[PDB]
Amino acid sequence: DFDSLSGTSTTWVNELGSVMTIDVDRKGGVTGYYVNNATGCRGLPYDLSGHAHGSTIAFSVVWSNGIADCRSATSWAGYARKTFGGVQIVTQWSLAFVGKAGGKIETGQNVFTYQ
């Protein structure tokens, strides 16, 4: 349950080796940071914010940190899935970026495992 992360800091990794550390407060506020391993802005920390309640969570990263700006933003929505024994976050992500052709939106799936 995301309410069980109240007052904790936890690190999670997805199938690409992208990592996030999320702090969930007593009201379900989510702060932390994300390191992308996919793409541009690889290996640098980006600020992350969102919210969790019950079995669902959502969080956002803008890919600009004052070092590398990938002219893009990603948001994730997910649900908690308990594993034999652990808990994973099963997400769908939305990506927006501005390139030569202007704005483009993309989508995919990411599963985050608790470390």
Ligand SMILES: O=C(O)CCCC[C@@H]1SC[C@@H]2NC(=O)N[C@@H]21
Given for the second form:
Protein chains: 2
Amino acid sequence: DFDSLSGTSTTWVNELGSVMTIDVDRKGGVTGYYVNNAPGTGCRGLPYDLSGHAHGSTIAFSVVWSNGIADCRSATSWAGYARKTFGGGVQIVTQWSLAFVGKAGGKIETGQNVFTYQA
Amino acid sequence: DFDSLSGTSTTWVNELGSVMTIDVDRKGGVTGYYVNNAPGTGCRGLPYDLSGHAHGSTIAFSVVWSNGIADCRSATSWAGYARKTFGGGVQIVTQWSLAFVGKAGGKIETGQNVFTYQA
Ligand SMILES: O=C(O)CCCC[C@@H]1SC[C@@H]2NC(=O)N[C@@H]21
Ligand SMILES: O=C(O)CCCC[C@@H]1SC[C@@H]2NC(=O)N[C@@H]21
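The structure above corresponds to the form deposited without ligand BTN; please provide the structure of the form deposited with ligand BTN bound.
The next block holds the full complex; its first chain is the one shown before.
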């Protein structure tokens, strides 16, 4: 569940080794910072503002990749559900969409990210 | 350009006839309301809180379908870019990811919405 995190600072890591530390409030508001480490992508290592909402078994959150130190001219939004693991707490299983305004003006890619809890 | 919407509050319609009012602050933060009017979907005709972030010509925002009136046990997140139409106006081209929990566990649908500025 995501209500079972109300006012808790939680770090998570996905299969590409990106890390996010989200702050879920009482109401379900998510705030936090995301750190990208995915090979073949920009803005790796530095922290980016993250915001969205959690409720029950589902969550959605967003990161624009400008932090006033590296601008990738892009944005990522995740929608995902809670998958409980056999003694590994819960996971956030997601699909992302990354838009970028680069060379070919605008483009949009999609992929799967699975985020594992780290106490 | 999305930076040019700082301190504005603008209205947008997608092809499904869903609506969003989006408040953009000085530092690019997006807050506002989504009203789903998409056929064959739940949580229709009701206002849901949306948050996100805009910068240059990219935007990302999400909506959990739980406002404490109607809860469809789902969450959507959008990412995309500002396009200038030949028509003369401006759209937000986006990919969305709908996460929901159903008959046998968590699921994730995906699709494309194009949002049109109402003046
Ligand atoms: O390279 C960019 O334009 C900004 C960073 C993009 C990294 C993407 S976002 C989706 C995927 N999951 C991650 O953890 N990182 C990559
Ligand atoms: O049916 C649900 O579980 C909640 C409403 C989902 C509506 C989706 S969000 C993506 C797409 N774009 C819209 O404007 N409506 C649908």
